[PDB]
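Given these sequences and hints, build the entire structure.
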Amino acid sequence: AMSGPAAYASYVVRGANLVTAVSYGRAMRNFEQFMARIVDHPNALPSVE
Amino acid sequence: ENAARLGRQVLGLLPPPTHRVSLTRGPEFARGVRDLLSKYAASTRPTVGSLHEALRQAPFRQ
Amino acid sequence: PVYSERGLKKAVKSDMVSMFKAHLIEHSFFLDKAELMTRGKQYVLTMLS
Amino acid sequence: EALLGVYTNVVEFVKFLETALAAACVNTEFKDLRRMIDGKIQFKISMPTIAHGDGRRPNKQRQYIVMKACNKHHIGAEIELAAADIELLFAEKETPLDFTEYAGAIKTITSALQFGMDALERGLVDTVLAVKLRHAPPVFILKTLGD
Amino acid sequence: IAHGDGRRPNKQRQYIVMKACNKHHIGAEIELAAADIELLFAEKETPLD
Amino acid sequence: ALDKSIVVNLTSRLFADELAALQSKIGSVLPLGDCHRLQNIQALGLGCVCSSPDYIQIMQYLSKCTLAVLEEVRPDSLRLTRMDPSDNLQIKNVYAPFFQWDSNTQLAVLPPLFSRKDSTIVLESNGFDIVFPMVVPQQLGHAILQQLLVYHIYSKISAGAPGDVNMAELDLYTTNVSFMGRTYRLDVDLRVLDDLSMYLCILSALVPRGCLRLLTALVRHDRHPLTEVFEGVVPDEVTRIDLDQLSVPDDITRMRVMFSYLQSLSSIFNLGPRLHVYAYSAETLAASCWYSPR
Amino acid sequence: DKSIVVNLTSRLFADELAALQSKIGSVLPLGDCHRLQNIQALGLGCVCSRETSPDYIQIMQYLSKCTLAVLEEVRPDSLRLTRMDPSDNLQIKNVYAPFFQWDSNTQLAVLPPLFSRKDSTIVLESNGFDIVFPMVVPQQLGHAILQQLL
Amino acid sequence: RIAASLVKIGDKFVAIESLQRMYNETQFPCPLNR
Amino acid sequence: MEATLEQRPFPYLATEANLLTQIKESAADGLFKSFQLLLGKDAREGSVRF
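Protein chains in written order, with the deposited numbering: chain A, 296 to 344; chain B, 6 to 67; chain C, 198 to 246; chain D, 51 to 197; chain E, 100 to 148; chain F, 2 to 52, 56 to 193, 201 to 305; chain G, 4 to 153; chain H, 361 to 394; chain I, 1 to 50.
The hints are simulated quantities; they were obtained by calculation from the structure and are not laboratory data. Keep in mind that the hints are not guaranteed to be accurate.
Derived CB-CB ranges, DEER-like [said to hold, decoys possible]: (1) B:23 / C:204: 45 to 55 Å; (2) B:41 / G:144: 47 to 57 Å; (3) G:112 / F:163: 37 to 47 Å.
A short, non-exhaustive set of chain D residues, derived as facing chain B with CB atoms under 8 Å [what the hints assert, rightly or not]: (4) 51; (5) 136; (6) 159; (7) 160; (8) 163; (9) 165.
Just so it is clear, CB atoms sit at the ideal spot from N, CA and C, and this is done for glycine as well.
Okay, structure coming up:
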């Protein structure tokens, strides 16, 4: 007997992904967490923890 | 106001001044040799600021 | 990595094709060979690990 | 068209004093090893003797003079830094796109210098293990000489 | 590794690896009969209907 | 400002005899394999190619190589100094045999062609034999070779037919070198020059055909006017060659072979690993200079 | 700093942007050592034209006059090049089409396009000009072609 | 606090390493593959 | 349209796994298509332009 997820993981293009998907020809995955590294808190080296 | 921004890009891109060590007075020879040795010793260490001081050098030939 | 530390030159590749053949003749059909071996259950467990 | 993930290795290394190899060496880190040229430590080693009553001449005490030297090992790690990467380290910046470009010059110099500092902790463990292998004669020689 | 033999020491390396999706399409089949769709609509007849 | 210091470590200490022979040659231009600073003993000297020598394989190597100067010989190791283009240094005249440099000259760097006592230092602490090049002033550096190229040719005619060469006439005009008002008696007992004498004589027969075949094709109204003048310097017997006795596929391979011995023989004498001395002291032997490649 | 910005006075298309994209990092000779430069100086085929007969000596004879520059950036309005000072340490990338293996301590020299003009000539029809590229070759073949061409 | 896999061999406790991981990252050959 | 590589200064993430094993030999005989090396003077984040 093992433990695992009951459903799939969701990915919706709602929000700020939808503007660049329509205006430009591309779209991120998780734009919001991707934004918090570049502009919200720069020059922070990647660390696994 | 914008000319004060250019007053920083000039004064940050100049070469470092050549050291002047007076050989005629006594206590002005001590203060001039010490600022060679206290300033060269921070152009050798492996930190980032000591590597920042080694990049400003302008080697014009004679 | 012990076979290709130096890189895949011409002499390494012939020394690997020699090992593709020797592993194909001896260790193939490994669960069928567990009957006739006297050791048996420990041979498959070192094969499958 | 999507961009579904962006990933990168982070290299961690177990340094020299945390490996088990330091159980076979004594580590006394000095301030500047460039000061002394050659170590020439001299030892006066004296063996004991067994008192015999036999017909030969009596046993005299013995000293052996053993001369231990210091071998020096020199390591250099090389680092390249780009000329357009240098130039925007000195430059004045105020717009938020020139802070995230200045972050690209300070995350390259601090990554190309933790490269070369990592390569010297790899250079310890190489140049101790190469010393241990230049003074390790094999079993078939040493088993009979050790007897 | 930095080591001070007669080697020429290596500069820093960097690899960049690109991956892509692979599309997959699945088919199926339904055959609905003629009178099955036809009598899906008329009702309020006898209880056999 | 910039670092140029090539620390050559040694796996073992030098002998007491081997140390003092390198103490003399403390200002000395040495070829050197790579430009980085941590190197072994096998990278310095011409012993990578010369430790049965050949001329052109060393002369073409001295252009493509990285030259460096001694500065310090400690017991356990060496220390050099890399020599950049247009870089002022301080060379000591140490080379055996002695040639008496002068200020305001143009010193050239040549391969050694004298004996194995003057050229190399034999080390046996490590199993390598370092080889020093031949740093001679440029005008003397070619007169020292164009006379020994004469000696190497006439010593092969007298081996095949001894009645054609006078030995007493030979070593009266070849072994003496006159430059700067001084006479240098060289030392000759030559497997170094067996590449030139087979290239310069294989060019010796292609030129009388090659200058008539190139004149009979280039005749026209639009001829350059100076070639009318040098139409008479060519001898009488050269202008009697029948070019019909060789086939048309043979006259192609007596040009493409000929043009390669024209250029590759011209290139090795116009090689430029030379250095311009601007100060020299005749009793201290220390000379300042600047290097200049090609 | 040293650089050369070169204008494209009309425009350029999307096919010849992909043609100039594959030719990045290649040494071309250009006319004058000015910071600003137009399209007429960058071609080695300003003398090597299509309707006229080429002159491979005079094309090569033209090549020891010019300044030599390495491309960095291809833009639809400009071409930003970096130049080569006459005594300068620099970097050159082996892009060139007949692949000959180099090594450390070799001896390069720049030659005209002597095996395929059609490979080196890419035409810029939006401006009425074609930019022509040389080939850098070790001197063992640098001399041996001039032995053969004569 | 040193992490090592010790083993007892008759009467002595002996640690066992293998430094092949730091030579397989840098792609230099391990010195114990003589 | 095929998906193409790009060297833009992405905020790369950090994984528990190592990736280093067999890469130098896998670049030689292609384990994976569409790669690009970067040696010393060019192993950095490229400058952002748009």
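Comparing the hints with the structure gives:
no.	hint	result
1	B:23 / C:204: 45 to 55 Å	holds (52 Å)
2	B:41 / G:144: 47 to 57 Å	holds (53 Å)
3	G:112 / F:163: 37 to 47 Å	holds (41 Å)
4	51	violated (39 Å)
5	136	holds (6 Å)
6	159	holds (6 Å)
7	160	holds (6 Å)
8	163	holds (7 Å)
9	165	violated (11 Å)
Violated hints, in rising order: 4 and 9; the structure is consistent with all others.
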